[PDB]
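The chain below stands alone and is given in structure tokens; this is the form deposited in one PDB entry.
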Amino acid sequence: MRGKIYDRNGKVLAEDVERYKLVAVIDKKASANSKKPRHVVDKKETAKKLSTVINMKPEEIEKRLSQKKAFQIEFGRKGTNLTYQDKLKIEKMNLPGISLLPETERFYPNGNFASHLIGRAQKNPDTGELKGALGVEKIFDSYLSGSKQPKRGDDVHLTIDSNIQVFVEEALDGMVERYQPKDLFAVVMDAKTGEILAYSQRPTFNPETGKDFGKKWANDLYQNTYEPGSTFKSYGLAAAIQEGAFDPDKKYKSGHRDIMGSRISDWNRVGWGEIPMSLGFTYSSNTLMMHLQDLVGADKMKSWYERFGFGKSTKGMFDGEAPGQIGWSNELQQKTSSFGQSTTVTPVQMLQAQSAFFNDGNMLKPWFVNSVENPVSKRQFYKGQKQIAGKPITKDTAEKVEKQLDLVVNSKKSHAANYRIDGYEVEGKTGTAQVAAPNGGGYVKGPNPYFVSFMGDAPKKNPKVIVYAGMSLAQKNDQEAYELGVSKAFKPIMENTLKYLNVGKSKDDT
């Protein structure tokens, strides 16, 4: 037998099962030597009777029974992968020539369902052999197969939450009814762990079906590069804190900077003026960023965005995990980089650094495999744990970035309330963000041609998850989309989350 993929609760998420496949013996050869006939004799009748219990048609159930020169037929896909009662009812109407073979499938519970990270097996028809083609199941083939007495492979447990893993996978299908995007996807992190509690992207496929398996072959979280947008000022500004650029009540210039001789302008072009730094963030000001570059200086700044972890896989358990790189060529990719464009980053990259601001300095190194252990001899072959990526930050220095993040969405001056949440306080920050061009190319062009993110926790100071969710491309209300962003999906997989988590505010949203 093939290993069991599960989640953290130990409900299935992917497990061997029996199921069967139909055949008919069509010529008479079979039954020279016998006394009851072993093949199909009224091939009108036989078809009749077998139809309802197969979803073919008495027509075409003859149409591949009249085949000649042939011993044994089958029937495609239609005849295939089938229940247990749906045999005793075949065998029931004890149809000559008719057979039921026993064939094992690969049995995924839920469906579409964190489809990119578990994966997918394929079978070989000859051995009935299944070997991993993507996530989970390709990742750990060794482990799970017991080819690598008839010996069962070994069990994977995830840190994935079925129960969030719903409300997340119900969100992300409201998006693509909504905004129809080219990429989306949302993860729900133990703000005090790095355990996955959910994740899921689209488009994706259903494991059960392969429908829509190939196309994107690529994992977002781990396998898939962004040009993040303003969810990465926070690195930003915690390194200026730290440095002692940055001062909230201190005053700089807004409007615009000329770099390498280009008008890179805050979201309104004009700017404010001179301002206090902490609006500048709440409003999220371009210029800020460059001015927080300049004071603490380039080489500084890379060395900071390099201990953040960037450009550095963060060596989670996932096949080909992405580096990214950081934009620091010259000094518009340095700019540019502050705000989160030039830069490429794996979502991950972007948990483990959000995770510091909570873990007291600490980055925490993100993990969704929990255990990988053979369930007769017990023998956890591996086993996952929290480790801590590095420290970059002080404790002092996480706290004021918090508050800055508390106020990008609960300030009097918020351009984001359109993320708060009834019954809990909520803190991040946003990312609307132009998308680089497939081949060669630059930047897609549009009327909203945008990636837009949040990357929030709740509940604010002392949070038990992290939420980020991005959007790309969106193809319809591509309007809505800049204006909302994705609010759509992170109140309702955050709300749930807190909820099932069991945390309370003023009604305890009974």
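Here the rigid core means the biggest group of C-alpha atoms that line up within 1.5 Å when the two forms are laid on top of each other. Numbering follows the first chain given and starts at 1. Compared with the form deposited in another entry:
- The rigid-core alignment places the CA of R38 2 Å or more apart between the two forms.
- The rigid-core alignment places the CA of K412 less than 2 Å apart between the two forms.
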The other form holds:
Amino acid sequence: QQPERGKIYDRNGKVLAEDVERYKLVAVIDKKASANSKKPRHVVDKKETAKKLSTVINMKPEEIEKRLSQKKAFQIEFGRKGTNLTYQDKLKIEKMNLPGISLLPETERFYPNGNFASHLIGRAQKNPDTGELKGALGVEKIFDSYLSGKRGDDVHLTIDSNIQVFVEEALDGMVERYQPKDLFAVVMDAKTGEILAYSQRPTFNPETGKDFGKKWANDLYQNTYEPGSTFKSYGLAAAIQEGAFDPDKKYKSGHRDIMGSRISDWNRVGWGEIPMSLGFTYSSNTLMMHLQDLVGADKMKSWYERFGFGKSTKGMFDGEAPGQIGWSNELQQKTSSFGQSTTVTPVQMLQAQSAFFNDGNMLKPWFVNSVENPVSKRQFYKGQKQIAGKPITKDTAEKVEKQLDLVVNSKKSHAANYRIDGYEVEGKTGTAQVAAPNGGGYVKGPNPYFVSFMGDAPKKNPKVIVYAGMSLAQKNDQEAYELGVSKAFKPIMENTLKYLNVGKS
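Starting from the form deposited in one PDB entry, produce the coordinates for the form deposited in another entry.
Left out here are the partners and the other molecules; the chain alone remains.
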């Protein structure tokens, strides 16, 4: 008898993980069991037994007989298909009155939502010999010492199951439409840093263990990306604060030659002389490279450092990646101005972006609300809003927000597909090249991109920030380049705002 492992709860007290009593099928086959018995205490008719049990468990008659034919065995089991049986399965089998058949109670870890925030919650595995459960990934692993029992401590997360559903359904949709190699979405409270929802694909099912181990890495904290143009917002912020960005001032668009590489605006030719505000709305690489020059390379590196890049956010997830600011030569510096070369985690991106909606204060993202024992009522840990740094002034944040509004809402916008009928949205898109894992350079192909969007709503005074990213669509890659992650952002954001009771127009 193990102590009961603590539960994992969402922010509203809904169970995400708990221990339950299930049942294991056992069949006595040795004749000795019926030696001194009135009625047989072993399986006498193997074919009839296999026929009846085949209706309850997920096994074909022939395989049941095969197992029942084990020689020199007193008792036999039926693998995982004979265990984790529900109480209804127990009654169903016991009503048959099959000689030698019985059900033994056994404890299992249950995830009521199945595949749901899987890479965050994780999975606990059971040692058959003792029944001991041990976390192998995510919260189950991180908090294993508290969760393990007396009775184990409960862990309460900031996740809201209602919002989590919107994310799971939207990611399922992106997989069917685009079959990408990697995909994630996260919803964060813009004013507190709480993670309200988080999912990724591909992922696993904690309940059944399907696909567990195929990808150990949690995308939010452990996987790294060349973020692309969502990263332009931090270069814009620096330039605003340094006095280098003036929205009405004209600048030369087109291309720049650097260390042998031809870096141009996404449309090749650029737009000639245009205002910097418009340059940002168009996601101009030349604008960012010029702003970098106006501010200075040394100062820009420090700017990205003050925005938390290249350092872990110090969250409670295990093995959080620090990423790295790519600044070794002018080519890395210049490509870093539009989010290539430099690598980041999604949690760093959320942390940095929060500065624009909190008077310049970055909020440390958090997903653990509480670790507490339900018997003693002792609270071992309580999460809270915490400032990660204040890299910019309130004035600078307001000016950045003005440009984010324009990105989506300008008459010359190239991100109109992120608009949600009845709501005001703002944000920044990214369309990045992806580094080939076996070195060399970038992944080749028709549209080999990591597409993403960092959005918030209602604009100016947001309730939530939604960050979604999709790496390397293997299907409909053209549409993925065209629409980015709009097909995930729109339903996630619209459903979330409604659930949070934000007025529609």
